[PDB]
Amino acid sequence: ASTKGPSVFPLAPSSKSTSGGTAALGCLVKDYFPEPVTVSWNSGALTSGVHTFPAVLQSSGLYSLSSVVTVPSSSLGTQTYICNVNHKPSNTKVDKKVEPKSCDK
Amino acid sequence: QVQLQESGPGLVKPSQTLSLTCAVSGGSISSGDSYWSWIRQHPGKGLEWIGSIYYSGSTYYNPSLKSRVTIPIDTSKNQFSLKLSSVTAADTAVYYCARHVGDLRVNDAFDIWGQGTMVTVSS
Amino acid sequence: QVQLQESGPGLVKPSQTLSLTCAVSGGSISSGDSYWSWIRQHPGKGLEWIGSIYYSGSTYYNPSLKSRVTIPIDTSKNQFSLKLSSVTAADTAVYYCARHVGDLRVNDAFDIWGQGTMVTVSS
Amino acid sequence: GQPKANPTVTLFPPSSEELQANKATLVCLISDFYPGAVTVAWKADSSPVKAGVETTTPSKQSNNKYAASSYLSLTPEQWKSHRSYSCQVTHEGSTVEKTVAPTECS
Amino acid sequence: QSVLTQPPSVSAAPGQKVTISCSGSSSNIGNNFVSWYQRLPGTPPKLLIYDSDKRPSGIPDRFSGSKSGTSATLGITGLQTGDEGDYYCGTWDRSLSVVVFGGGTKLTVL
Amino acid sequence: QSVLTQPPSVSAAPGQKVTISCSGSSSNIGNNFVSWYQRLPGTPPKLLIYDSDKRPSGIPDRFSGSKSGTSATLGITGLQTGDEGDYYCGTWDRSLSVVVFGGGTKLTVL
Amino acid sequence: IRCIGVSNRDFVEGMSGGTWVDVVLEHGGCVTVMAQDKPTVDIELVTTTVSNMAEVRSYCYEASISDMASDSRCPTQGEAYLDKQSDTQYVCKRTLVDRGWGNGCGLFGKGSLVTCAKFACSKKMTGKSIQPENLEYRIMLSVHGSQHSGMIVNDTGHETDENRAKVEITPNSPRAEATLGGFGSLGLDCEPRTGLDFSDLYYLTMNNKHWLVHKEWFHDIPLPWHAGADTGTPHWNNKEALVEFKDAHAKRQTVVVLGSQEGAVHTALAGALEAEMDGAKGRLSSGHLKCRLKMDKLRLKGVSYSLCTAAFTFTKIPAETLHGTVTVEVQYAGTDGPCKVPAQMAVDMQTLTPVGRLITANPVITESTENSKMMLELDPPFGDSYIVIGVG
Amino acid sequence: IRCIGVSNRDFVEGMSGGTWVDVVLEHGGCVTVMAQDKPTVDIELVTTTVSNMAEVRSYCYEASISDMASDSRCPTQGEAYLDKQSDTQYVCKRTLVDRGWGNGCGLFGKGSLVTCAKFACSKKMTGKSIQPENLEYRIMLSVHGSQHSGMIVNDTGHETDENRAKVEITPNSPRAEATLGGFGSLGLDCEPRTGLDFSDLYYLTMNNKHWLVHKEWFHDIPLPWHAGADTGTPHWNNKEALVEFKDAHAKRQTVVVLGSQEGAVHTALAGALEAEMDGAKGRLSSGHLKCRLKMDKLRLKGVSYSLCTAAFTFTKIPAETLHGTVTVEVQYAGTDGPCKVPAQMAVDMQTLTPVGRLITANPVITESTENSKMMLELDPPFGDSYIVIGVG
Amino acid sequence: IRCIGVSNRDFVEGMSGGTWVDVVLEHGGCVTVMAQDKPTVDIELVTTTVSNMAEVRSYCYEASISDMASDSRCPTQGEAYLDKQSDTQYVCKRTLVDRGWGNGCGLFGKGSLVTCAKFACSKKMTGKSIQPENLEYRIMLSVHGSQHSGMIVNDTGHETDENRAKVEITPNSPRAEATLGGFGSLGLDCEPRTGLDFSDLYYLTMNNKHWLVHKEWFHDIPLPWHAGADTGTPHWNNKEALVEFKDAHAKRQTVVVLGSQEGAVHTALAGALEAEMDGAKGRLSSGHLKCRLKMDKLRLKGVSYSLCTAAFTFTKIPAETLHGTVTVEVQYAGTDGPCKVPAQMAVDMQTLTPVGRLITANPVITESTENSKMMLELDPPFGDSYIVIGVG
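Protein chains in written order, with the deposited numbering: chain H, 1 to 105; chain J, 1 to 123; chain F, 1 to 123; chain I, 1 to 106; chain G, 1 to 110; chain K, 1 to 110; chain A, 1 to 392; chain C, 1 to 392; chain E, 1 to 392.
Isolated chain H, as found in the complex:
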């Protein structure tokens, strides 16, 4: 339908997601139109363990594409993870900083 950028959800790691010394973080831009949205990790500084899967077309016509990144469990809390989603359609560029699982509330 109309051109619009998706939400930029930051998909952080946690204690129940880290197996061994590695933890999985991610990023998801959802409800996007057109399909051409690219994802980078830390502005291109995080490429090892970065997986950019193909997008999933939702029932509302907004595409949902993202990336995943296997980072260090010791780096969760000392190194910042910030996904960058650049959408060609509508000129959308969003930097979403994923954070550790702060469940103190």
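None of these hints come from the bench; they were simulated from the model. Even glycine gets a Cβ: it sits at the ideal position worked out from N, Cα and C. Honestly, I wouldn't trust all of these hints.
[Unchecked claim] Calculated pairs, PhoX-like style, for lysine-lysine (alpha carbon to alpha carbon, straight line, at most 20 Å):
| hint | chain 1 | residue 1 | chain 2 | residue 2 |
| --- | --- | --- | --- | --- |
| 1 | H | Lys97 | I | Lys50 |
| 2 | H | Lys88 | J | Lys13 |
| 3 | C | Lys281 | J | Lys77 |
| 4 | F | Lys13 | F | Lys83 |
| 5 | A | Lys110 | C | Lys215 |
| 6 | G | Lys46 | F | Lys45 |
| 7 | A | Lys84 | C | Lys118 |
| 8 | K | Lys54 | C | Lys118 |
| 9 | E | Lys123 | K | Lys54 |
| 10 | I | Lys60 | K | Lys17 |
| 11 | A | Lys110 | A | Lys93 |
| 12 | C | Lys93 | C | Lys118 |
| 13 | G | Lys17 | G | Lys54 |
| 14 | K | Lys54 | E | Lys209 |
| 15 | G | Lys106 | F | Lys45 |
| 16 | E | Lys316 | C | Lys110 |
| 17 | C | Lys246 | E | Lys209 |
[Said to hold, decoys possible] Pairwise CB distance ranges (calculated):
| hint | chain 1 | residue 1 | chain 2 | residue 2 | range |
| --- | --- | --- | --- | --- | --- |
| 18 | C | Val256 | K | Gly78 | 23 to 29 Å |
| 19 | C | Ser199 | E | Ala250 | 27 to 33 Å |
| 20 | H | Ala45 | E | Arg252 | 49 to 55 Å |
| 21 | C | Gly28 | J | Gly44 | 54 to 60 Å |
| 22 | H | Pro34 | J | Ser85 | 21 to 27 Å |
| 23 | C | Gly28 | E | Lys118 | 26 to 32 Å |
| 24 | C | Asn371 | E | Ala250 | 26 to 32 Å |
Here the structure of chain H is known, so what remains is to put chains J, F, I, G, K, A, C and E in place on it, guided by the hints.
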């Protein structure tokens, strides 16, 4: 082998006119066994035929899409067209441009299918 | 001269089946220009055709009397029949059995009229 | 002679008591598939992530169908920060996808 | 809808020409030619006119048919007491698919 | 009213014969012979069966059509993962005056 | 006695020992049989009922064209393909007409025009097919003897008569025995399977005109042939023979239907025999059967009855009835009851010898009243003679 | 120069005073013309566009029977009259089958059975008819001269070339004049009305297989013939030839449709020429036209241009190109601009006499660069000789 | 009684002393045998099961080319050697095409181009080979006698019938004895080794179309021949005959596959007999065997049973059933049980002599009910006669 490829603007505005072009390989619109039919295939619903142009250029279509559908044909280009003026949310669907059944097939026979250009109609 | 004479039970019960027989003089049912048509002529209303049998025995009738009317023909006797099963007050009327228009007359041509057997349907 | 029994995908997000432990587990079962073969992919939003995803193989049930289970690992911040979480099961070329959001099933 | 609007009252002077107008529709009266059935008090209708212009054999020359749109016109020139009867128009309907007779014309040659 | 009731869930054992029943009506399924369109995830439906019995050229021999009343039956004998797709019945309606496709058949050769 | 007054009356004398007599049971004729110990019985096959005549392929007798139109294509601009041309109810004819630059085509040449019209048969003559198990010949037998002049043609009552009675012989019942009261029992051995060509002919009906036409002529009628009992939309086999699409010099192919062929059918029905139709049983009044007359059960009734007393008065004195037989109408004035008429026909009255054979042999008065009217029959030689009715 | 490399290349030398030359514009051939004051121009009628080919009566290529049934009547129990037998969409065949007492009839004999089925053509080959006003022959002319080896086959750009260009000659435009820049104007006087039998042939299409079949063979195809542009229910002219109602020994008339006749159509399409179809303009790549070459406007370009300075280097030294013509590929090393190539082909180098005629006569270098690649052409006598390209 | 209603019914009268009778067991015919002390038994070889038909070399019926390419070498620049040219799944054709200086070669001449493509047979007709030990002829015998009109065609139940029963004779079991209850035992001595040329024919199947084609025609089919049961990648024996690599005037060798040869196979299958296939046992309904009828065990059942009491009513009176035999359908009104029908067919009823032979000789009523329907059969002389069914 005869192949059909539907293409066009997959994202359209409400009240707009979507235009899907079905290109044909291995044949033309003036063939001896050709009747290029466009069929609307909405998500969550079955395929419904909307327009079926012939070798002479005119053809018969469904009466529900009679007020908005048009079956253009390019004789020099060897391509077919499915047009939808004043589109809505219900008009967005797959828009394949298959070449239809032969001579004695008074009923339809969708032996060959198009590229399946999906349509999205949102504001 | 060809003459038609409708006769039968002029008084019938409600829900009964009236049977009017049209006898023909000067002709038969197998003629080269014959199509014997029975027409209901109720009082206070115009003549309405109910059944029209042909030389082959079958024929076409009105759709309102399609559920109750029958156009029998006697090939050996040279007579026509108008039957009405499950009759009512609205089915009682004049039941003449005229011989209809000729070959190219796709529309009706009531040149000859029957005897006009009036029907009464009361309980 | 295996009859028609297609696979069904069911997804469940992390619980509130699991998020109180600083963890998140997204379950995704692909059950009743005849035959027992499916490829499981899990991701935050729509792009597939490759960390903390343990997918079981299809095991033949008593009804002649095959079922498998997958667990996508994340945290409470992963469920409360990612706008979507998608799990897709691919069988016979077909794909069955289930998406769950952390702010929509409260 | 199988009704032909005809003038139900018909009088006639000695030698007077009477006019009966049977009004139909575009589908039946306008679609084809309508004839008339002339019935006695103890007799059914006999054919007068075919195709709205062609009178039947044995019909009088004073009976003259005409067709204009869905309206059939029956003129009785030189009408007498023997011209009195029930002259009802009739035509086949293209929409109806059956022949329908009109409202009648109670001719009374007084 | 252009709906063909087809079984939307299709599984398939290795070498298993699957059955898809597309139910129509007396006017369209009972009126004529209905074929099927087999579509991929990125491809539209291709013709399988014509007149409910005559399979198209290049179609597999394991695909077998049948017609009984308004019900079309598609059997897949020796079905594999390549038999998985979207097999939707389709037929022309005498009352509708246009060809209508059915509800689909999500074949999944697991 | 119902057979002596026939102009084509046959006299049967002498059988094969009295057991079996071979006779020709004509449909229009009557045969009178005279035996040695039996009375003269006139058998006339008058009735002929054909029952269950199933319909055959009947040609149309008067057709007519419907609303006709034309589909025209230019010369080298495609052939005419009418929308009503593919309709079975509309007969169409295609032709090559002139289409030019002034004629609307883009090239001067021969365009193609097809004219169609709903050619419907307004009436058709239908020929019933007669199976061999549908014929039933009604033959009336009548013993010549004790009957008056009002019983020769007065056939009202055959079961309660005892002098005449009708018997129906069918193919299922070829052998029968009619008990003629007083005379014994006349045995009929007619062959209903050996009929007068019932399987080679059809009974065509057109305008209530039954005609026993031949099977080859019934199968050779060139009309629009409705096939069987399909009384709806007829097939019209050879339905194109009734109309003619006469093309003009320009694009006008006027389709004109032919006239009524009932006159030409009457012209072709001159060589056939016109038969009657009494409903389900068609009455054919002609034919020729072959009857085995069993005269073994036929006895001479009133042979033991004595002669009459007197008063034989020849009232309505007869003459030769077209064959030499002299029908003697007498009034027996006397109450003798079962008396025998002692009549003689001779020229020489001084000798009193018998001069000629008697048709109604054994003339016996039956009534016991005063004046009993009776009819006798004698066949004297060529010329005139004296008829002495009684003694003195 | 687009015509010298043709294996069926024709050498044109000598015209009717230079005004009109009669040439055969072959659809597959190219003719090179050499004149006294004009350069060698190769004309090749390569394009052949047939536009507005109207459809003709196209037979069915693969039919199939619908739901078939049978109507049976007994022997002497009426003929078969199927309800679908009167339907135009269902083809039916009637026959006389055995019906007996054990066969259900009431008499042992020949009953009548009619088997019908909806015989529909699942696909049909359609033959377009080509009018005489639809042909357009595209003939490319190319002046042999100042061009390199990459311009002999490099036909990308004919309007902006100035050495080669294509001209379309139609029946409406038979006379034309193509202005070949520098060389003047080549006059084409081709007769588009005198074509290669375009009115006696049809363009049949079957499976995207265009074939220029004959008109008699196109009008003699025994398939189910749909008439014209009636794309709905086809007429199926000769539609009964595709199915065969094989009756059994009992009442079973199995109607079996024939197989796919596209293989037999390919077997009958061996003697025809397979044509291409580029949409509305079908591309026929063969034929033979007759062209009037107007060489009056054709001038020798660069005749007033002087000879080249030096550095004629025969790079890619050529040989006889299948006809005795030696294609000389040279690199003019020099900045002479519009210089003329002073080349000679002779055996005797001590005489310096001319040995043979040149195909690309008047060899003139056109480029003003340092090393200019050019192609020349010469036709010496039989054998080998010396090619002196330049002086010294 | 399942053989009298056959139009090609054979009447067998007189054997070689009653021991062995030589008969022609036709696949489409039935032969009725009448003996001196045996009833008329109709034997019809109706079943013909061919079991275990092993596959033969079956040609491809519709092929198609795969992704084709060309390998081109220059004239004197090496021949074409395609990488798919050495692949067995890709059929290739090499040719000499034009390669020039403008054609890309370094010399004007004849280069070599080879065009290859994956020519795969999309479907192939397969011919099963029938061994001599696979045939099994099912012959139904039926004793004409105590049966009604609903048992002439009512073949439902042959083991529990006792008047008719089917026996399967194979090559392994040529001699058999079918115990027909009451009539004794009919001995079949059919020669299954002497069949109707089962080793000279193959059963070709194409589109579910079984055809008993000849062995020479089956071995002469020019299609892409898959060899045996190799159902994977077929060998395609003569696989190059389906495609044609038509080279153009330049380097374009278009490989075009031929059309569907199933229509030409139906055109070549006109002279063969179409056979049915019931799975593993193919049903061939035609042929001609030679049977040894053993009539020694065949006895006249009900000969010691007495005559019927009375009430023989000819309901559904029959006629000649296409051969002169008159099928008499009677209703025995009477409780005689095993009574014998005392019927006679004669012209002369005053003599009571026998006129003609009876087809169903020894007509015996079998049922003990009130009205027993039975079918008899008689063959009188030429003409019509009297049928006296009973006494009085």
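To see whether the hints hold, each was checked on the structure:
Between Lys97 of chain H and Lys50 of chain I the CA atoms are separated by roughly 19 Å; this keeps the pair inside 20 Å, and the hint holds. Proposed proximity of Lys88 of chain H and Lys13 of chain J is supported: the alpha carbons are some 19 Å apart, at most 20 Å. As the CA atoms of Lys281 of chain C and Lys77 of chain J are separated by approximately 10 Å, the hinted pair is consistent with the 20 Å bound. The suggested pairing of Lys13 of chain F with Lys83 of chain F holds, with an alpha-carbon distance near 14 Å, which does not exceed 20 Å.
This hinted pair checks out: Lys110 of chain A and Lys215 of chain C have alpha carbons roughly 16 Å apart, not beyond 20 Å. For the hint pairing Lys46 of chain G with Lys45 of chain F, the CA-to-CA distance comes to about 18 Å; that is within 20 Å, so the pair holds. Among the hinted pairs, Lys84 of chain A with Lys118 of chain C is consistent with the structure: their alpha-carbon atoms are about 19 Å apart, no more than 20 Å. At roughly 14 Å between alpha-carbon atoms, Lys54 of chain K and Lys118 of chain C fall within 20 Å of each other, so this suggested pair holds.
Of the pairs offered as hints, the one joining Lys123 of chain E and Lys54 of chain K holds, with about 14 Å between alpha carbons and a cut-off of 20 Å not exceeded. Straight-line distance between C-alpha atoms of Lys60 of chain I and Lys17 of chain K comes to about 19 Å, which keeps the hinted pair within the 20 Å bound. Distance hint between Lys110 of chain A and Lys93 of chain A is fulfilled; the C-alpha atoms sit about 16 Å from each other, no more than 20 Å. For the hint linking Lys93 of chain C to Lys118 of chain C, the alpha-carbon distance of about 12 Å falls within 20 Å, and the restraint holds.
Between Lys17 of chain G and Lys54 of chain G, the direct Cα distance comes to roughly 19 Å. Compliance with the 20 Å bound is thereby established for this hinted pair. A C-alpha spacing of about 13 Å is found between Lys54 of chain K and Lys209 of chain E, which places the hinted pair at or below 20 Å, so the restraint holds. Pair hint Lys106 of chain G plus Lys45 of chain F holds up; C-alpha atoms about 13 Å apart against a cutoff of 20 Å. A C-alpha spacing of about 18 Å is found between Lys316 of chain E and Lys110 of chain C, which places the hinted pair at or below 20 Å, so the restraint holds.
With a CA separation close to 13 Å, the supplied pair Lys246 of chain C and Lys209 of chain E stays within the 20 Å bound. Our hint of 23 to 29 Å for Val256 of chain C and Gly78 of chain K holds, since their Cβ atoms are close to 28 Å apart. In this structure the hint that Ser199 of chain C and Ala250 of chain E lie 27 to 33 Å apart at CB holds, the actual value being about 30 Å. In this structure, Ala45 of chain H and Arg252 of chain E meet the distance hint of 49 to 55 Å, their C-beta atoms being roughly 54 Å apart.
The given range of 54 to 60 Å is respected by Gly28 of chain C and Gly44 of chain J, whose C-beta atoms sit roughly 57 Å from each other. At about 23 Å, the CB distance of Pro34 of chain H to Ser85 of chain J agrees with the hint of 21 to 27 Å. Roughly 30 Å separates the CB atoms of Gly28 of chain C and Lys118 of chain E, a value that falls within the hinted 26 to 32 Å. The supplied range of 26 to 32 Å is met by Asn371 of chain C and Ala250 of chain E, whose beta-carbon atoms lie about 30 Å from each other.
Going down the numbered hints, you'll see the structure goes against none, and every one checks out.
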